[PDB]
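Given only the sequences and the hints, what does the whole structure look like? Please build it.
For reference, the chains in residue letters:
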Amino acid sequence: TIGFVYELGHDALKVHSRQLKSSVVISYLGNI
Amino acid sequence: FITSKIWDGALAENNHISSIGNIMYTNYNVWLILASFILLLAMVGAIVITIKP
Numbered sequence: 099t100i101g102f103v104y105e106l107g108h109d110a111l112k113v114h115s116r117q124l125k126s127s128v129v130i131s132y133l134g135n136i
Numbered sequence: 169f170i171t172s173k174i175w176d177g178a179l180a181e182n183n184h185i186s187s188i189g190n191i192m193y194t195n196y197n198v199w200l201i202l203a204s205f206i207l208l209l210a211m212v213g214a215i216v217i218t219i220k221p
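Just so you know, the protein sequences line up as chains L and A, in that order.
Those letters in the first sequence? Residues 99 to 117, 124 to 136, by the UniProt record's numbering.
Each residue of the second sequence is one higher than the one before, counting from 169 in the UniProt record's numbering.
Because the hints were derived from the structure by calculation, they are not lab data.
Accuracy of the hints is not assured; some may be wrong.
[What the hints assert, rightly or not] From the structure, some residues in chain L lie toward chain A, with a derived Cβ separation under 8 Å:
hint, residue
1, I100
2, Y104
3, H108
[To be verified] FRET-style restraints, in silico, Cβ to Cβ:
hint, chain 1, residue 1, chain 2, residue 2, range
4, A, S204, L, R116, 22 to 28 Å
5, A, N190, L, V103, 28 to 34 Å
6, L, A110, A, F205, 18 to 24 Å
7, A, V216, L, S115, 49 to 55 Å
8, L, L106, A, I206, 35 to 41 Å
9, A, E181, L, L106, 40 to 46 Å
10, L, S127, A, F205, 43 to 49 Å
11, L, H114, A, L179, 53 to 59 Å
12, A, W199, L, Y104, 19 to 25 Å
13, A, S186, L, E105, 29 to 35 Å
14, A, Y196, L, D109, 41 to 47 Å
15, L, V113, A, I206, 25 to 31 Å
[Said to hold, decoys possible] If you want the ones that stay clear, here's a sample from chain L, every Cβ over 10 Å from chain A, calculated:
hint, residue
16, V113
17, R116
18, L124
19, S126
20, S127
21, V128
22, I130
23, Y132
24, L133
25, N135
Where is the CB? At the ideal position from N, CA and C, for every residue including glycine.
Structural data, given as structure tokens:
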């Protein structure tokens with residue numbers, strides 16, 4: 099059963115084969 | 169080749185699968201454990217060398 103857990107945990111059958125946080129935030133500071 | 173019957177030996181015959189089952193988990197279960205670890209090595213090994221991690 100542990101070897102089957104290894105099979106499932108690593109997904110050698112590609113269980114997850116098929117599959124809007126933005127890295128940019130902008131801040132306004134105003135006039136110099 | 170000559171063959172005859174026995175009666176005390178034929179009280180409750182086991183099929184060959186039964187006779188194997190009577191000893192392979194009890195008297196010789198070290199072999200079964202050894203085989204299990206060999207099967208476990210094969211599954212982990214064959215997987216590790218073939219599939220993209």
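Right, here's what the structure says about each hint:
Checking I100 of chain L against chain A by beta carbon gives a least distance of about 7 Å; that is within 8 Å, so the hint holds. With 8 Å as the threshold, the beta carbon of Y104 of chain L comes within range of chain A, its nearest partner Cβ sitting at about 6 Å, so the hint holds. Evaluation of the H108 of chain L hint against chain A yields a held restraint, the C-beta minimum of about 7 Å falling below 8 Å. About 34 Å separates the C-beta atoms of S204 of chain A and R116 of chain L, a value inconsistent with the hinted range of 22 to 28 Å.
A C-beta distance of roughly 31 Å is found between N190 of chain A and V103 of chain L, which places it inside the suggested range of 28 to 34 Å. The hint said 18 to 24 Å for the Cβ distance between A110 of chain L and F205 of chain A, and at roughly 19 Å that hint holds. Restraint check, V216 of chain A to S115 of chain L: a C-beta distance of roughly 19 Å breaks the suggested window 49 to 55 Å. The hinted range of 35 to 41 Å is not satisfied by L106 of chain L and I206 of chain A, whose Cβ atoms lie roughly 21 Å apart.
A hinted range of 40 to 46 Å for the beta carbons of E181 of chain A and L106 of chain L is consistent with their spacing of about 42 Å. Roughly 48 Å separates the CB atoms of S127 of chain L and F205 of chain A, a value that falls within the hinted 43 to 49 Å. Take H114 of chain L and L179 of chain A: their Cβ atoms lie about 58 Å apart, and the range 53 to 59 Å holds. Between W199 of chain A and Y104 of chain L the Cβ separation comes to about 23 Å, which falls inside the hinted range of 19 to 25 Å.
For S186 of chain A and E105 of chain L, the hinted distance range of 29 to 35 Å is satisfied, since their beta carbons lie about 32 Å from each other. For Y196 of chain A and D109 of chain L, the Cβ-Cβ distance of about 36 Å falls outside the hinted range of 41 to 47 Å, so the restraint is violated. Separated by about 26 Å at the C-beta atoms, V113 of chain L and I206 of chain A satisfy the suggested range of 25 to 31 Å. Once the 10 Å rule is applied to beta carbons, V113 of chain L is consistent with being away from chain A; the minimum gap is 12 Å.
Separation of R116 of chain L from chain A is adequate, the least Cβ-Cβ distance of about 15 Å exceeding the 10 Å criterion. No beta-carbon of chain A comes within 10 Å of the beta-carbon of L124 of chain L; the shortest separation is about 28 Å. For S126 of chain L, the shortest C-beta to C-beta distance to chain A comes to about 29 Å, beyond the 10 Å cut-off, and the non-interface label holds. In this structure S127 of chain L is separated from chain A by more than 10 Å, as the shortest Cβ-Cβ distance comes to about 26 Å.
Even its closest Cβ contact with chain A, about 31 Å, leaves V128 of chain L beyond 10 Å, as expected for a residue assigned away from the interface. Every C-beta of chain A lies more than 10 Å from that of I130 of chain L, the closest at about 38 Å, which supports listing it as non-interface. No beta-carbon of chain A comes within 10 Å of the beta-carbon of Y132 of chain L; the shortest separation is about 45 Å. Look at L133 of chain L: its CB is around 45 Å from the nearest CB on chain A, clear of 10 Å, so calling it non-interface holds up.
Annotated as non-interface, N135 of chain L keeps its C-beta farther than 10 Å from every C-beta of chain A; the closest such distance is 53 Å.
Going through the hint list in order, the structure does not satisfy hints 4, 7, 8, 14.
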